[PDB]
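Shown next as structure tokens: one chain only, the form solved without guanosine-5'-triphosphate.
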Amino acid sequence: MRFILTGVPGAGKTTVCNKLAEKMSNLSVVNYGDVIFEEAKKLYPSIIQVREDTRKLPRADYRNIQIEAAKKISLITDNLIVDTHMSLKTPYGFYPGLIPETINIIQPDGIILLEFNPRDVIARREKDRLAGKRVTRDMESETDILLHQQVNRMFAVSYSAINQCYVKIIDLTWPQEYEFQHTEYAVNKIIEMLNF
């Protein structure tokens, strides 16, 4: 089966992905943005040296990279999880995170949403900073993060209404008793789904 895996930024989605790939050998885990960067660096070596250089491309060029990355991903034949985002926040508001072409090509069975308590997102973002993984203190409010998660749920349901796919919401909003518990719980739920 094929699932898109989503969640607000910096909340633990990467860790879930890495843990899934460590645990299940019957599974390929890919990060869409990384595949986009790699395919872009192949075609535009002069402009794209690091993942964030993707912002510099002209629209006609960026769109064709997303399509090409999706085609590359769709060559995978066993279980697949694609790490990406339901929406991005910009000054103009939220913008959908999947182009319809991406879904037409990958043909996901469903969308998985990791939903957190916004305080845990603020804290994870700051811990990632103290470990080096990001330069500036994130200043999103609990309110802004909740809004994002609500909007993401609506995007996922809309994509399901359009394309007929599962919408799997994984509740990680409860308090952790021990460290890594949210991540461990999500990984096991995804594995059990895949092996059902």
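Definition used throughout: the rigid core is the maximal C-alpha set that superposes within 1.5 Å between two forms. Numbering follows the first chain given and starts at 1. First, how it differs from the form solved in complex with guanosine-5'-triphosphate.
Core-based superposition between the two forms leaves all of 142, 68, 34, 138 but one with CA shifts under 2 Å; the exception is 138.
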Second form
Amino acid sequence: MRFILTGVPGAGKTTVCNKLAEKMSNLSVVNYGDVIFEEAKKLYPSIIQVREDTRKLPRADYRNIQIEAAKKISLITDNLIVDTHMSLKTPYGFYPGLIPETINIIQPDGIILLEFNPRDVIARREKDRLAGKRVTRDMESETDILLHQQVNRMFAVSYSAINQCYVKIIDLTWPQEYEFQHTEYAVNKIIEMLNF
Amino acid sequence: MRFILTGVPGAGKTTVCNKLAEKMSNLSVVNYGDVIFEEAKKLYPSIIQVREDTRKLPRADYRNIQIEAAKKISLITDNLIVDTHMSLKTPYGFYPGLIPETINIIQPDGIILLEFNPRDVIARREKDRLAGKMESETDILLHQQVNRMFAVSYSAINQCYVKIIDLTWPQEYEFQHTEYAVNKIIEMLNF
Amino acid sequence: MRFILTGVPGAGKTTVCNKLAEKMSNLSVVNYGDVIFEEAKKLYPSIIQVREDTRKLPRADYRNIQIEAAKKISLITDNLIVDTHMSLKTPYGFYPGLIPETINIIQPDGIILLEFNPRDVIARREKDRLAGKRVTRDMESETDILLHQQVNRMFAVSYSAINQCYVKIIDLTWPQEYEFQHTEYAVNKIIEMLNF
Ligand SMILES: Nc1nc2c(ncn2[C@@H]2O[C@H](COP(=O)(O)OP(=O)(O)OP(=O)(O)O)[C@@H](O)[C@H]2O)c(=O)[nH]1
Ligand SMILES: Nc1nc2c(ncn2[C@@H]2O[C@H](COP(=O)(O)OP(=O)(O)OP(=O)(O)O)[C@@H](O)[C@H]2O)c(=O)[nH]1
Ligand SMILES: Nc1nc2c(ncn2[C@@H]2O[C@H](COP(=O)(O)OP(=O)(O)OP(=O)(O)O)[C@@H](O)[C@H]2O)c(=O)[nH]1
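Here we have the form solved without guanosine-5'-triphosphate; I need the corresponding form solved in complex with guanosine-5'-triphosphate.
The next block holds the full complex; its first chain is the one shown before.
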């Protein structure tokens, strides 16, 4: 099947993607941002080198790369998880991470949201910064993260009302018995979905 | 007027629909699911015999039935209540009961969401089940919030009303919720 | 830039609009519904003399006035704020204040939501009937106002899923240490947005 996998950043979503790829042969796990960066370098190289470079040029060009990234992902034939974000926080507010052409071209069966406890999100984001990852990203509060996760629900139901797809919310907000168990439980629920 | 009437399953929406059919003529109450299931046994006799088998159908085939099922309803005159569900829970997640075209074909004035206390829902579902007819109060809270988000999306898209009928208070006598819901809806139809 | 500015009624949104236009230079502030009153008088002057009189216009020609109002607003060329409502409570339930035409015609960059604590909203709506503004008393509860605000978020995020715009939630729910502090805060957050 096809599913779009989403959650707030820095909370373990990549750990879920990396571990799915390892436990399922009949599965491609692609990162929509990676492909968008890849197809950007292609179209205009002197203007594109690093990952952040994507944002600089006008939306007319950025949209047209999102179209082509989507089309390539659409060539994938086996099971597909597309790793993406329902929305990003900006000084102007939240902004959709998808565009409507992304869902028409990928024709996913549904959207998966990983919902984390905000205290975990804060802890994990702060130990990665201490290691050296996501420097000068604002320390968000518990209610910031809560607000982001609700908004994410709304975006996804909107896309469901428009495109007739499933909306699957995985609860990872309980206390872990051991480390990386949240990702373990996410990874088992998602394979159960692909195998049902 | 025409309203889409909705709520989580097993909670009393069917009792509300029946007491409308009892207490207000000049009004057609139509169960959208029954219409759809019937129309599925006409076109694909073989594949469908469980209402659950409606999505074994390829998307284009399942779309087309819900279009047709909508057209028949669409041909009705005077007041009309279309009983259905904003979403249903499946192993892949929440899925919408309406499709984009359903709303335009039927041109409803608004959507009605019957909202219950999840504790009354657990109790009611288990009562029924005991007489022949699996979710926590958190699962049910989530479901009612999703239906609320589906409703508001359908309203932004087709410019219709979104009526939330609050049935979450404790009853002073049995079937009070149902009275209250029917009176609120009849008052909406007459105004 | 262009933002649509919204909030439950009677809570402080018009105060915010007035303070913005008196403070930040060369910023246009427009109240969609005032523009709609004018457009209905120039068009139907025998039948609407009070703005409240538009109800008995056919819903089909009222819609046309919203478009004509939207078309006028769309010719403003500097920074722009459109004061309006995401939804209003009627006896048929909530109804959207915008129409799709309004947003495609105005091409707003963003939607701004002023979120208030419902006790403040009740208190403000009360002080304003004592100042002879409204003739009749508002009986919405605390939970009515939370509900109205929750529905307004969902409308905002839908318009953003559909039109690809920002959704900015300005939290005015904390308690005021002094008078008019919320309004001050929302004004300064919005100006910081426009000068970013
Ligand atoms: N100690 C510990 N760390 C965890 C646990 N679960 C997740 N993490 C850490 O939390 C961080 C998760 O961040 P990522 O998985 O890289 O998130 P991301 O979505 O890829 O970030 P973006 O690329 O910006 O979208 C990693 O450093 C994980 O090691 C846990 O149970 N215990
Ligand atoms: N996916 C899913 N569908 C359900 C569930 N429960 C009920 N349904 C749907 O509900 C329809 C049957 O009518 P019900 O929804 O049970 O009854 P009602 O209209 O809500 O009214 P009451 O019986 O008084 O509660 C079927 O077509 C099912 O698809 C559920 O737990 N999961
Ligand atoms: N005393 C006091 N009043 C306030 C404060 N903040 C807002 N208000 C009042 O709240 C009331 C509502 O203000 P607005 O919403 O800006 O004006 P409105 O035209 O009456 O209504 P809308 O435009 O629909 O929002 C006004 O009478 C304001 O003066 C405050 O901090 N202290």
